[PDB]
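Chemist: One-letter residues, chain by chain:
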Amino acid sequence: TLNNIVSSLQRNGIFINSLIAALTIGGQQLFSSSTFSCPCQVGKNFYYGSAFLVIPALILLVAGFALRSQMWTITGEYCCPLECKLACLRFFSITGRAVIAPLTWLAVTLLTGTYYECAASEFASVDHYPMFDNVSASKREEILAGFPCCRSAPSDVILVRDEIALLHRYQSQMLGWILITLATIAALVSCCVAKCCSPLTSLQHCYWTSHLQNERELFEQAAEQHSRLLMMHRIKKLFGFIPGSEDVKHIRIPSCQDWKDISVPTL
Amino acid sequence: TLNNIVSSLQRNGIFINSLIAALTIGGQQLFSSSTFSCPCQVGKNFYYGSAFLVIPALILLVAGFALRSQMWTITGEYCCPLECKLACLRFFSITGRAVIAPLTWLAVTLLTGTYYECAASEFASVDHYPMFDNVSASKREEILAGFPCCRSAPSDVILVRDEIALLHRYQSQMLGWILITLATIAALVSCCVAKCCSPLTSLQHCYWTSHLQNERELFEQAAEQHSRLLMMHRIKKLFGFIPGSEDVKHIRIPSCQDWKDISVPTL
Amino acid sequence: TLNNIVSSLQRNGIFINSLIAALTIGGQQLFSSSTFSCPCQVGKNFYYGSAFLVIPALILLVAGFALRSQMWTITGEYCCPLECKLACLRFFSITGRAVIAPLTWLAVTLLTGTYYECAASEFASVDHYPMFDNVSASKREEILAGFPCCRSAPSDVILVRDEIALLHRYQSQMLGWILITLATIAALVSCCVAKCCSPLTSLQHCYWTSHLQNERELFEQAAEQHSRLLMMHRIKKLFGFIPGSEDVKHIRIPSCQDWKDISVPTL
Amino acid sequence: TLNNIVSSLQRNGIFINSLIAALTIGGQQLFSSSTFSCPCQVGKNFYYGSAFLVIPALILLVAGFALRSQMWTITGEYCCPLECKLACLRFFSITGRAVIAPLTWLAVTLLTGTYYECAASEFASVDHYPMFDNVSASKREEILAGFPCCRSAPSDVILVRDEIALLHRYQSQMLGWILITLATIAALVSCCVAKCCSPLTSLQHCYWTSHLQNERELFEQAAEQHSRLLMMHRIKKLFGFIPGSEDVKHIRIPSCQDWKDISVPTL
Amino acid sequence: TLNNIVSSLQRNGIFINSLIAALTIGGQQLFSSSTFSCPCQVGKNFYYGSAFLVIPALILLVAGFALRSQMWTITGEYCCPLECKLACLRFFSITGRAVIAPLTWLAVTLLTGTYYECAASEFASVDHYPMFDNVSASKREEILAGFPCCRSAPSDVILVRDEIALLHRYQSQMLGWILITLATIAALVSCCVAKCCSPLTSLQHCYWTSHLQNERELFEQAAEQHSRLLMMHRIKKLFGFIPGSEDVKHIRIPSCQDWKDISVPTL
Amino acid sequence: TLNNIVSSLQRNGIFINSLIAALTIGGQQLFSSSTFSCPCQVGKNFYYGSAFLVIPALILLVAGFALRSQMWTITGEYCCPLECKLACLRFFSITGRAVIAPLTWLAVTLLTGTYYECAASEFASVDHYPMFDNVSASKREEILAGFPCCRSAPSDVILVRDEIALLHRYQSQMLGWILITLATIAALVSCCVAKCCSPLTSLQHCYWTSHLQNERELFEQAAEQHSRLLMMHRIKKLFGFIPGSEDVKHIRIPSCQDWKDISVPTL
Amino acid sequence: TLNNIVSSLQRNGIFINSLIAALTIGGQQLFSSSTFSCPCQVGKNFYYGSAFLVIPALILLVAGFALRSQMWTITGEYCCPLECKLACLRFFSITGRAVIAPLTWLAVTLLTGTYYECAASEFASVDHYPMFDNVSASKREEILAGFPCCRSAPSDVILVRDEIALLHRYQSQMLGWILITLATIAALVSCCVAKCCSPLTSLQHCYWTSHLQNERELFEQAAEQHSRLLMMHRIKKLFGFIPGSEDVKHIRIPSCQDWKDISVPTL
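Each protein sequence line maps, in turn, to chains D, C, B, A, E, F and G. Residues 4 to 83, 94 to 280 in the entry's author numbering are what the first sequence lists, from first letter to last. Residues 4 to 83, 94 to 280 in the entry's author numbering are what the second sequence lists, from first letter to last. Residues 4 to 83, 94 to 280 in the entry's author numbering are what the third sequence lists, from first letter to last. Residues 4 to 83, 94 to 280 in the entry's author numbering are what the fourth sequence lists, from first letter to last. Residues 4 to 83, 94 to 280 in the entry's author numbering are what the fifth sequence lists, from first letter to last. Residues 4 to 83, 94 to 280 in the entry's author numbering are what the sixth sequence lists, from first letter to last. Residues 4 to 83, 94 to 280 in the entry's author numbering are what the seventh sequence lists, from first letter to last.
Chain D extracted, bound-state conformation:
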């Protein structure tokens, strides 16, 4: 009964996607909490924030594609009629499974806002501030590059610092919501177009998916068993008894040519 509910969960797309999203959230939380500190330099703040913001998204997307064995088969079909559309639909389902990780990472990282502040702490528009008039441009880049990591300046500076930080957090969370909404809308219209383009009815589709899963599992079982039987026959020929046999009555001593023979697997 345990394996019953195990497979029943395995089929559930919702459970697998929720697990992927929860794992991404937790991993991102730990990762940010431990290994994130702003450089607080002048030219290198941007790249530092954008790397954490973007790179793991690409990594996780490429992982979500490459870790699906079915993707390799469909690529082999493409790599050097109806079948084209069916391949497109399988690749579509693969994309649906894979895309959940980069977008959840991006959404949680933007909603938290910590990365964005560091990423765009130099682009702050400072035109109506009383302390920044006299300061030289280079000195301006220096004072502007210090705000996110820490505060050591007088109270007026920490005031303007907190105001800029609040503005940038707002911008970050707004980007997060724009991305969430755009992604859900795109996924909806994409499922709509996929259903519209499908040459199958609503019943043939279920038979199709079941056929795919059963076909893969059955061919792997059969191939493994047939190979084992052939190997067991090669060994019975060489030694003179079947490996599983009990109380074998005839044993054949191998010669010096038989070893040479069984060296090669005949593919």
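These aren't lab readings, by the way, just hints derived from the structure by calculation. For each residue, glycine too, the CB sits at the ideal point set by N, CA and C. It cannot be assumed that every hint is accurate.
[Unchecked claim] Distance ranges between label pairs, derived from CB positions:
(1) C/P278 x B/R14: 54 to 64 Å
(2) F/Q217 x E/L225: 13 to 23 Å
(3) G/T38 x E/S258: 55 to 65 Å
(4) B/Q270 x C/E96: 16 to 26 Å
(5) G/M187 x E/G29: 34 to 44 Å
(6) E/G29 x C/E176: 54 to 64 Å
(7) C/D274 x B/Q270: 21 to 31 Å
(8) E/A199 x C/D274: 30 to 40 Å
(9) B/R14 x C/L26: 30 to 40 Å
(10) A/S35 x E/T4: 51 to 61 Å
[Claimed, not checked] SDA-like cross-link-like pairs, simulated, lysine to any residue; straight-line CA separation at most 25 Å:
(11) C/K262 x B/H263
(12) A/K208 x A/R110
(13) B/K250 x C/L280
(14) D/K208 x C/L280
(15) D/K98 x B/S276
(16) A/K47 x A/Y183
(17) F/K208 x D/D274
(18) E/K208 x D/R103
(19) G/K208 x F/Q234
(20) C/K208 x C/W75
(21) A/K152 x A/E176
(22) D/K98 x B/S268
(23) C/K98 x B/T76
(24) E/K273 x G/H218
(25) A/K273 x B/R241
(26) D/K250 x F/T214
(27) D/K249 x F/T214
(28) D/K273 x F/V206
Got chain D sorted already, so can you dock chains C, B, A, E, F and G onto it with the hints?
Modeler: Below, chains C, B, A, E, F and G without anything else, positioned relative to chain D:
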């Protein structure tokens, strides 16, 4: 006996709806407690409050529609007599299941009132207040935009601040109740009209719903088994034995054309 | 033996009603403790108290009616001799089950008294108080509207405040008892009239109720099984084997017209 | 063996009565501890104490009568020889079960004495007290109405207050004992008269009570089963198979008139 | 059922790789936390940081290759047509398993950044610093070599120290991301080329891998059993009974030449 | 099933080696923590550090060789063609098992560095230090010999002390890494040469190892049983019954010569 | 299965030796911690340290020899060809088991060093110390005899005391290592010579040891059973029934001579 009560709960619309509502409430509580802070800017306070207030409602509604497989089938029927009314009724039941999430999120978020204060902290009507007479309009937008996040001004300011906050909380909770009542009334009249328009009697309807559930489960079971049998026959033809067979007496070595053959699934 | 006592409790009207009442009490306690604060405005105090006092009662009553499936059947009978009286009696039992929630909520909320103080904190009769003579009417509405939420005024004000609060709590609890007594008396006379009007004897009534419960459960079981058998025959016709069969000897490959055929359920 | 001792307790009148009394005591304790505060007004103190003292007694008595199904049957007999006396005896046993709740509530509430002090804190006889000579009658009602809730006056006032409180507690507990004794004596003489008037011997009575319990349970079992059999026959006629049957060989498709037919239950 | 899921995990490449990565991370954390301290010398800081950075990577890579028994067989094939490509593919899978450890160690050690600071604390570009103008070159190497381990100098020195440390941490984490991205991209293009060059189809490949695993396990089982049977026959010849036999009736005392005989195993 | 996984672990070389390494690490940690203190003499510091560093390595190596029973058999073969190479390979496997302990002890003791500081605290190169110019050579050996155990001198001395200690820890850990790398490289090239020199194929080798293990276990079982049977026959001859027999009917009293006879075991 | 692994451990020489060593270590630790205090006399310090150092070693060695029953048999053989060498080998194995205790006790006691300091605290070479020049020889023995137990003298004395204590601890631990190395080397060369001198091959030896163990256990079982049978026959003769018999039909009353007879056991 466990799966007995599991399916018995699965049928219960009341239990599923209560679970959806409890999960939405808890998720909203955590979400608000962790990632909510007002920008306390001048033009950007509104959008920030309205995003949290509205966007997750749209997200959850689109989710409640799209996650129901039956909706995809009915759309396929619509996508390029009595059947039209039956499709309308199924889509109606789907809507009934889906609508519970956005309205519970909206009701709990309005009753709590925290989002509304930030959302409409600029529109405060300040005409009979003694400190706001002399202040310039821009300075007025600046002092008005600071009240929700924190208080650093003298005691008179914190007094007027607390009064405005109480007024806005009142308005929020009133909107919450208006929405709850309007939604329940609309749901009631909608179920009434649906029952009135139904061409079925009170008994044919039960037979209908049972037929729908049984039809879907049975066709998926049958299709999966038939596909497995056909695949098991293709493998018996290629290898020479049935994958489940024990003590197979005849094994056929595949040729170089058979692999080419079994490459294609014949759809 | 577990399901034995489970159904035995399910039949018990007393247990179900006690559970409904306990759940309403607990929910009201939590709800009031968390999301209740007085606006302490001038015109908006009343509506705020009356909403919490009244709206959930209407909500819970409409819920207690609409969540009973039998009510839908009786409405369908009414919706576009002896049977009329029997329908009246069933609807009466439904009302008996449903009414327990709004009245328990109202009784507990009035006995607690917290809502009533806020609801009617403006209507206080202030004619024999020494501080309210000179105060202007608008200023009077302002001082009167502040008493429930908090006290910041001198000791004389907190004295008169506590006195008004005690008077209003008294009025609230008295209303609570009047409502409890009126409701119990009405329920008693209503059960009396229902028994008096019943055209059945004391024995035919038991047979009647048992007939109703058995009729509903049996027709749902039978209809579900018959639909499953018909579906299993349609699938045997299409595929060539019965879904439950083991070691099927004849498999029929479907054609391109059979899929079209089984697309429609024949209702 | 569990249901054995469960029914054995169910028969025990002593256990059921002890449970009712313990539940009433605990409920009264919680109720008084949470929702009881004196108004400390002038004209409204009395009604406030008398409501808590009396109303729940009436409520619980009407509940103890109305919750007994047998009472409904006997009323139906009365509602529009030996049988009259037997009905009187059944109604007598019902009264014996019902009366335990109001009298236990009254006894515990009077023995505690908290309600009585508030109920009769205005009627105090103040004729030999040195501070009450000069005070005007209205001022006297004001000072007299403040004693129970709290003490803020000088030490002489708190002295006379504590003395009045002790006197009223004494009166309350004395009333409690008078009520307990009167109730037990009345119950004793009432059981005596009931035994004296009973036209049955000491053995016919046991057979009678057993007959009543067995008659009710048996008729409900039989009626339910007979109704189920008749319903199962109506369904066999409509569908063509009995709902419990396994491997049904003949299935009859219903026509459009059969649904109309089975719509009505034939009562 | 335990060994079922044990082997099912054993097959999972993802689980084994995740376990290797987690173990490497934990071991690196402990190792760095306990046995890492900078020498804070002048010429020897570099080698000290580069050893920890690089050497364990080489060690773990050579371990990941050498601990795979299959690698020894393929090397024996190489050591003094289609088979060459198949050997290349097996060696490729071995590389895929092995490479996960050195790159995870390098990535975690660079992302942490502690090693890099010590490794390149001498190469700091000091051209625009006010305290380093006058200092002699040798004294410069001395002050520059002290920053990572500890701070004892005045506040200006600890300021410039913290700035250099932040710059070097930035450079380290950037190198970490460059390495992660380059490694994932190389692995992707490498799997692509391997799939492109594979002379097998998508089905022959599964049969191939299953054949390899079954062939190895079966030949080891068979060889062990055959050797045991031959040994049991040599012992039956020498002693006169089979080691497992019960109630042996004939025992042969060995002579002084038989011991000489059984001394040699005949290979 | 327990003994199943017990033997399966017993075969695992990796598990046994990991256990040996963990035990060596823990034992070394305890040993160093409890019984290690520097003498802080002048001529005797070196020997004291080198003993702990080196002696347990020799001890553990000789133990790893001598505790393997197979080593005794191969030595007996050597002690006063193909067989020589096979003996070399067995001795090689023994060495592979044995070498893991001394090198792990050496690596952990060097990486920790505590022993090395004491071992080479006299050889410190003191040529560019301001306090050591004037001090006489003997006094120099005295001040130099005190640094590791404790510090009682002024702050300048503890400064130079900490610097020397850091330098020596660096040298120790560098030696540790050099030893680890040299050992792994030597083990790799040694396994390579052993595989290259092996006159067996990749399959004959598995049969060989299995033959060795089975041969040893079987001959010990057979020899023990045969000896027991012969002894049981000597006792049956002397006493007149077989030791395991039940309900022996004939008992023979031994004479005074039989005891003399059974005194000798006939070897 | 429990006795299976119990005997399997019993055979393991390594487990028994490890247990002996652990028990000796723990016992020595407790013994030293509780009952060890230096006399701090002049002539009696030496004997006190040497007793604890040496005597328990002799005790434990004599115990390890005398507690082995096989040693008694071999001594009986010696006490008033090939057999001499076989006896030598058995006595050798006994020595191997016995020697582990005295050497572990000596090694742990020397490595700890506490005993040695007390044992040789008088022999300290005091020739280059400034306080010991003037002191008279007897006074020198008095000051020298006080250092180990406690310190009450000025700081210069505690300095020279700690230095002497460190020197003596060094000497102790060096002796410990010399003893460990000498013992392991002697054991190795001794096992080598024993294997070299053994007239048996590598297989006859296993048969020999198994024969010895089986011979001892079997003769004890047989002798016990035969004696029990003879005793049971003497009792059957005297009483007239066999002690284990059930429902004995014939009972013989003993006479006054039979008691005299059964008094003697006939040896």
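Chemist: For every hint, state whether the structure bears it out.
Modeler: Evaluation of the provided hints:
1. C/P278 x B/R14: 54 to 64 Å: holds, 56 Å
2. F/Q217 x E/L225: 13 to 23 Å: holds, 19 Å
3. G/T38 x E/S258: 55 to 65 Å: holds, 60 Å
4. B/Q270 x C/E96: 16 to 26 Å: Taking Cβ atoms as reference, B/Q270 and C/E96 lie about 20 Å apart, which means the hint holds.
5. G/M187 x E/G29: 34 to 44 Å: Roughly 39 Å apart at Cβ, these two residues keep to the hinted range, so it holds.
6. E/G29 x C/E176: 54 to 64 Å: holds, 57 Å
7. C/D274 x B/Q270: 21 to 31 Å: Between C/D274 and B/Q270, where Cβ atoms are some 27 Å apart, the hint holds.
8. E/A199 x C/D274: 30 to 40 Å: Roughly 37 Å apart at Cβ, these two residues keep to the hinted range, so it holds.
9. B/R14 x C/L26: 30 to 40 Å: For C/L26 against B/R14, whose Cβ atoms are near 32 Å apart, the range 30 to 40 Å holds.
10. A/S35 x E/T4: 51 to 61 Å: holds, 60 Å
11. C/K262 x B/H263: holds, 24 Å
12. A/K208 x A/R110: holds, 17 Å
13. B/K250 x C/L280: Since the Cα atoms of B/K250 and C/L280 sit roughly 21 Å apart, the hinted pair holds (cutoff 25 Å).
14. D/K208 x C/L280: Distance ~18 Å between D/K208 and C/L280 Cα, so the pair holds.
15. D/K98 x B/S276: Given that 25 Å is the threshold and the Cα spacing comes to 22 Å, the pair holds.
16. A/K47 x A/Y183: holds, 23 Å
17. F/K208 x D/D274: holds, 21 Å
18. E/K208 x D/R103: Distance of about 19 Å is within 25 Å: holds.
19. G/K208 x F/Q234: holds, 23 Å
20. C/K208 x C/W75: It holds: about 24 Å lies between the C-alpha atoms, which stays within 25 Å.
21. A/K152 x A/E176: Since the Cα atoms of A/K152 and A/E176 sit roughly 20 Å apart, the hinted pair holds (cutoff 25 Å).
22. D/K98 x B/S268: At roughly 21 Å apart (the allowed maximum being 25 Å), B/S268 and D/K98 satisfy the hint.
23. C/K98 x B/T76: holds, 20 Å
24. E/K273 x G/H218: holds, 14 Å
25. A/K273 x B/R241: holds, 22 Å
26. D/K250 x F/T214: Measuring from Cα to Cα gives roughly 19 Å; hence the hint holds.
27. D/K249 x F/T214: Distance of about 20 Å is within 25 Å: holds.
28. D/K273 x F/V206: Cα-Cα ~22 Å, so holds.
The structure is consistent with each of the numbered hints, conforming to all of them.
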